[PDB]
Amino acid sequence: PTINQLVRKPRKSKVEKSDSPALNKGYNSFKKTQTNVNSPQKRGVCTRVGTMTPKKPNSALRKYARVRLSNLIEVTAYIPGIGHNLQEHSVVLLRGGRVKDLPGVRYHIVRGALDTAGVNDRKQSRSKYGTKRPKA
Amino acid sequence: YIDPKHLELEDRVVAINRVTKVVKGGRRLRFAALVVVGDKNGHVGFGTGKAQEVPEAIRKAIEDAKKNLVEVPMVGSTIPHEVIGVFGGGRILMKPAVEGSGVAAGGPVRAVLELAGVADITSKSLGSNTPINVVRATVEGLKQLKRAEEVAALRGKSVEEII
Amino acid sequence: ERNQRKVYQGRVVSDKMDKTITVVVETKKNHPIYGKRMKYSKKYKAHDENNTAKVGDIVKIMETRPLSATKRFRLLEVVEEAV
Amino acid sequence: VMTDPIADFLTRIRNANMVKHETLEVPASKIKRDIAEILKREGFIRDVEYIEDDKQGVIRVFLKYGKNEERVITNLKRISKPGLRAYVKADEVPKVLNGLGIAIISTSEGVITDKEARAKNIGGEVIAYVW
Amino acid sequence: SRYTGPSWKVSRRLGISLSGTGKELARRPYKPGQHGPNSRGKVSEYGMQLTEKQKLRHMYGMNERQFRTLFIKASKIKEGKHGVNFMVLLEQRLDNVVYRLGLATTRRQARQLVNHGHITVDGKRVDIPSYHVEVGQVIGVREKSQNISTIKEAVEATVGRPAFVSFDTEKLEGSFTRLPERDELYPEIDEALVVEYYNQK
Amino acid sequence: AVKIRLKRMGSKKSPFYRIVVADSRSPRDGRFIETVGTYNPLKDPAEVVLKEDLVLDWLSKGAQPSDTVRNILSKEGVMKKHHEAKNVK
RNA sequence: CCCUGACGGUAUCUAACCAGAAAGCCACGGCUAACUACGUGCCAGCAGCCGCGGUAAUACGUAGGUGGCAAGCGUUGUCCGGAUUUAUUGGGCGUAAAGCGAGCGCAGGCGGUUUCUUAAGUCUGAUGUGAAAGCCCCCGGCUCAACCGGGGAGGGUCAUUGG
RNA sequence: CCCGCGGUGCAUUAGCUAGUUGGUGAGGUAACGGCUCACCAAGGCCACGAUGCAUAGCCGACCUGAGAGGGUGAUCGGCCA
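Protein chains in written order, with the deposited numbering: chain l, 2 to 137; chain e, 3 to 165; chain q, 4 to 86; chain h, 2 to 132; chain d, 2 to 202; chain p, 2 to 90.
Don't read these hints as lab results, they were simulated from the structure.
Watch out, some of these pointers could steer you wrong.
[Stated by the list, open to error] 30 Å max Cα-Cα, derived DSSO-like pairs, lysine-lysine:
no., chain 1, residue 1, chain 2, residue 2
1, e, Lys159, h, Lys21
2, e, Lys97, h, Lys31
3, h, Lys78, e, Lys159
4, d, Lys79, h, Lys116
5, d, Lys10, l, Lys136
6, h, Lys116, e, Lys148
7, q, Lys39, h, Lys78
8, l, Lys15, e, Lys126
9, q, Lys39, h, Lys82
10, q, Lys31, h, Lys82
11, q, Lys32, l, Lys10
12, h, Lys78, l, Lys10
13, p, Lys44, d, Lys125
14, h, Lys90, q, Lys31
15, d, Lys77, e, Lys126
16, e, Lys68, d, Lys43
17, h, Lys90, e, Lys97
18, h, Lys78, e, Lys126
19, e, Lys126, d, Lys202
20, e, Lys159, h, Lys41
21, e, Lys148, h, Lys31
22, h, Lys31, q, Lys39
23, l, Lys15, q, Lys39
24, h, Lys116, e, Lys97
25, q, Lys42, l, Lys10
26, e, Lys52, d, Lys77
27, h, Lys96, q, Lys32
28, e, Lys159, h, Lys121
29, l, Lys10, q, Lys22
30, e, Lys148, d, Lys153
31, d, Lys125, e, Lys126
32, d, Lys10, e, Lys97
33, d, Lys43, e, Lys7
34, d, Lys32, l, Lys124
I would like the entire structure built from these sequences, with the hints used as guidance.
Structure follows, in structure tokens:
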């Protein structure tokens with residue numbers, strides 16, 4: 002533009018948005034829900050369990066859950082590793098991370114942090130998957 | 003003019019490319035090579051050639067690369083002034099630097115700059131990053147470098163009158 | 004009285020009130036991001052012992068003390084009259 | 002309509018330089034004559050002759066070429082523009098092309114080169130870069 | 002931490018001796034592990050700058066934080082270059098002073114001698130090996146208990162005494178005469194690859 | 002109630018003090034009017050630096066020292082000069 | 001002259017004895033430094049982006065080896081950079097996204113040559129002020145360093161007065 | 001206590017004010033003043049963004065960037081509530 006056009010109407014940039022938006026929450030206790038309080042994790046209770054089939058061209062039955070969070074908004078979350086122990090109404094912890102298997106899943110549960118349990122064969126990257134060091 | 007290829011020259015591969023041509027039935031494949039050539043004293047050329055295997059390709063390219071060479075003036079391991087070289091969607095800015103600072107330059111341009119004996123210079127690519135056009139733009143920008151003596155000769159002045 | 008107040012210059016704009024006139028003082032100032040100079044205006048109220056000066060006059064005013072809810076200036080002199 | 006006669010002068014010089022012929026004529030003005038003298042003193046122009054009949058003009062410039070017909074001015078640029086003016090302070094005077102080129106500055110004591118201004122320690126409006 | 006491993010795998014991985022030319026690369030000059038004798042293709046220009054940096058870091062046995070702070074400090078001189086001033090500040094640390102003087106064979110031994118409290122600068126004891134020895138400071142050998150087995154023997158066999166080091170083998174005092182120069186200091190590895198390695202850190 | 006008092010500036014167990022003239026309502030390490038010298042409780046014969054041409058000017062305007070400031074202002078011979086200017090004229 | 005320590009028998013210094021009590025986390029297909037075995041067979045699983053897995057997988061899971069850092073090492077969240085991807089510095093509109101279907105015109109933005117004058121912008125000098133602590137420069141003290149202290153510069157689109 | 005200048009989003013928020021704007025006098029306060037009264041008049045502010053709605057204590061400073069900038073106002077100091 003001419004610099005007179007710029008002075009009449011300035012430049013405006015684009016606005017960025019998270020991909021873990023249910024992790025900036027607020028309570029639903031006294032009045033309403035507040036957005037200032039960016040968290041690294043949130044916890045919740047799993048209202049179902051089970052399996053689902055991935056996109057094209059993968060092929061599997063990937064384990065997942067649906068979870069209600071402390072701020073009372075609902076999301077589905079992937080449960081990783083080989084073999085878990087999660088049943089209805091067990092309390093879990095979520096972190097960010099999006100799976101590329103199917104739409105609608107944007108979170109991971111963290112193993113070995115609440116009712117969820119670490120996987121019981123691992124020997125190589127136990128800091129993920131929440132396995133303690135074995136004397137073997 | 004021709005800097006004639008009769009020196010001690012250390013070449014360098016900058017890129018290779020699997021390139022096809024579909025014919026009746028299936029597919030043909032060649033290899034294209036991009037090579038630089040210089041002596042780390044102020045003479046640098048680029049050249050490319052293609053063949054059916056990688057050694058034959060790089061050979062034909064060094065053949066081509068030696069046919070062209072540029073003079074690349076400098077004033078004590080640092081370019082005389084600041085230039086911007088543009089060639090078809092590749093824009094490259096080059097600045098004089100401080101003594102012992104190094105070369106801060108990207109992949110293609112640093113090969114060109116190091117094989118001419120440049121030691122301290124800053125660069126930036128405000129353009130596309132296709133290796134051939136980056137190399138061509140860089141050489142296009144060195145050709146604009148002016149010696150301090152030539153300017154004083156063209157005008158009716160002496161040096162130490164314009165510096 | 005070795006300390007000094009502020010005097011200004013402007014062209015009278017309203018003269019409807021009794022003993023009070025609005026004076027616009029005009030100046031140019033730059034843009035913070037871009038360079039060029041824009042013009043800027045602010046209006047002042049000044050006191051008139053007898054409702055003398057009229058529109059288009061080029062006046063000077065001086066700072067006093069609160070004389071009302073809005074007026075803080077008095078009329079020094081008329082420099083150049085409109086016709 | 003014409004709004005920048007200094008820019009028109011500069012573009013005449015650059016246009017007639019790139020096509021490499023040896024004369025040029027412009028309508029005269031007190032500022033263009035000043036920068037024609039500054040261009041003559043440093044070694045970009047060969048000569049300048051002043052005709053004047055019944056309107057402002059004119060000014061005739063004689064360009065200059067190397068020994069193998071190469072060009073002594075390589076480009077030329079207008080810095081302060083009507084629409085965004087550029088003022089410079091005594092410690093902000095620019096050095097175009099590491100001293101191998103000149104800048105032209107108007108001060109309270111003339112229209113002078115950028116060396117003569119950082120030797121006097123003043124600043125002003127910046128007209129042009131010629132390198 | 003410092004390091005305690007086999008110390009000789011380290012030289013076979015950099016391709017440089019690191020131990021006073023006493024040959025760790027005598028037999029098998031290749032790298033450790035299964036794929037040692039069977040080398041493979043080219044190395045990037047990231048591998049080259051990394052390998053130079055690791056060569057210098059393992060020469061004088063320091064950690065990565067301290068290496069980087071020393072490098073950032075050498076950059077505030079602006080009298081000379083930036084790799085020369087670095088490799089020269091590296092030499093003025095009390096461990097190299099004990100190595101060069103000749104009271105110890107290795108640098109690990111010199112480090113343990115200055116750590117366990119057996120040396121003194123200007124009479125006062127100093128215990129920490131990253132100390133910065135300035136020019137003209139006679140460092141001594143704790144004239145309390147200078148009758149130890151290994152110090153005695155390693156003063157006899159002088160494999161290398163430089164042109165900037167002064168010393169007398171009776172009172173056991175040494176000092177730097179003046180600052181060294183690159184010609185006098187490993188003109189073999191680099192100081193430019195290392196400077197480039199820290200440009201994009 | 003202008004005062005002349007000490008102000009702590011050490012780390013945890015190595016204290017240092019600035020000699021400062023402050024309104025008495027202010028916090029010990031808060032706002033002050035100006036600084037007048039320095040004092041070091043370590044350094045076995047303790048170190049005092051001070052201007053002593055502003056101390057004599059504040060003293061004659063009604064400022065008042067604390068107990069330690071008076072001790073280290075008499076070891077410097079500033080109270081004698083106040084004595085010889087006021088009750089002598 | 002004389003008189004007072006919560007920390008506290010704290011820091012510290014001297015003597016004897018013993019290599020004895022004190023190393024883990026991530027990665028190794030390309031980006032990006034570091035590879036071979038066995039198990040399994042589009043399953044179980046992995047992924048930041050490309051993408052792996054259907055009988056000889058350096059991409060899954062173990063073992064051996066190797067690389068990076070180290071009393072820490074990885075993961076998630078938030079912000080600036082890379083991003084000239086809102087471009088004053090520093091981009092564009094024939095066909096890639098982008099010239100209103102065209103005119104007439106109030107306010108605004110910008111304007112030919114020249115003599116004298118003014119000093120609003122512009123340039124420049126002197127004085128006041130822009131706290132202390134911070135970043136930075138020189139010097140000094142804790143065995144070194146973090147840290148602590150002394151003397152300076154810097155930072156205004158600032159005010160007043162003279163060219 | 002009064003004044004110049006400076007730091008936020010929305011025009012899918014354009015009209016807002018009736019002690020409101022000015023004068024005469026009286027009361028009142030440390031103090032000037034619509035600060036509050038009685039009378040007289042019809043003024044004041046707005047595209048150079050009034051009004052309304054949403055969000056926010058402000059600064060020395062701190063992180064990042066070649067710079068111009070952008071993002072924060074926790075420990076420590078100043079002002080406010």
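Results of checking the hints against the structure:
1. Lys159(e) with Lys21(h): holds, 22 Å
2. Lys97(e) with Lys31(h): Violated, at roughly 37 Å.
3. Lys78(h) with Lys159(e): holds, 23 Å
4. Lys79(d) with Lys116(h): holds, 29 Å
5. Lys10(d) with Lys136(l): Cα-Cα ~29 Å, so holds.
6. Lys116(h) with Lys148(e): The given pair, whose Cα atoms are some 20 Å apart, holds under the 30 Å limit.
7. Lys39(q) with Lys78(h): Measuring from Cα to Cα gives roughly 20 Å; hence the hint holds.
8. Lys15(l) with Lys126(e): holds, 25 Å
9. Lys39(q) with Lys82(h): holds, 11 Å
10. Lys31(q) with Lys82(h): Measuring from Cα to Cα gives roughly 18 Å; hence the hint holds.
11. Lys32(q) with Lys10(l): Given that 30 Å is the threshold and the Cα spacing comes to 18 Å, the pair holds.
12. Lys78(h) with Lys10(l): This hinted pair holds, its Cα atoms lying about 28 Å apart.
13. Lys44(p) with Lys125(d): holds, 20 Å
14. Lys90(h) with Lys31(q): Since the Cα atoms of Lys90(h) and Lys31(q) sit roughly 20 Å apart, the hinted pair holds (cutoff 30 Å).
15. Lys77(d) with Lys126(e): holds, 25 Å
16. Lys68(e) with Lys43(d): Holds, because 25 Å separates the two Cα atoms, which is no more than 30 Å.
17. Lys90(h) with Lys97(e): Answer holds: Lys90(h) to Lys97(e) is near 25 Å, not above 30 Å.
18. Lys78(h) with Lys126(e): Judged against 30 Å, a Cα distance of about 23 Å means the pair holds.
19. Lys126(e) with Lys202(d): holds, 18 Å
20. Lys159(e) with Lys41(h): holds, 12 Å
21. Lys148(e) with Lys31(h): violated, 33 Å
22. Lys31(h) with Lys39(q): holds, 26 Å
23. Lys15(l) with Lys39(q): Since the Cα atoms of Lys15(l) and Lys39(q) sit roughly 26 Å apart, the hinted pair holds (cutoff 30 Å).
24. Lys116(h) with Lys97(e): With Cα atoms ~22 Å apart, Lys116(h) and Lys97(e) stay inside 30 Å; holds.
25. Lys42(q) with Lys10(l): holds, 17 Å
26. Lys52(e) with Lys77(d): Violated: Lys52(e) and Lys77(d) sit about 49 Å apart, past 30 Å.
27. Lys96(h) with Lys32(q): Answer holds: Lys96(h) to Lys32(q) is near 29 Å, not above 30 Å.
28. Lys159(e) with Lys121(h): holds, 22 Å
29. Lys10(l) with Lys22(q): Not satisfied, since the Cα-Cα distance of roughly 42 Å exceeds 30 Å.
30. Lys148(e) with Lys153(d): violated, 65 Å
31. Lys125(d) with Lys126(e): Violated: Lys125(d) and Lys126(e) sit about 53 Å apart, past 30 Å.
32. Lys10(d) with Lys97(e): Outside the cut-off at roughly 43 Å; violated.
33. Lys43(d) with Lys7(e): Given pair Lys43(d), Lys7(e) holds - Cα atoms ~28 Å apart, limit 30 Å.
34. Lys32(d) with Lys124(l): Distance ~27 Å between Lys32(d) and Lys124(l) Cα, so the pair holds.
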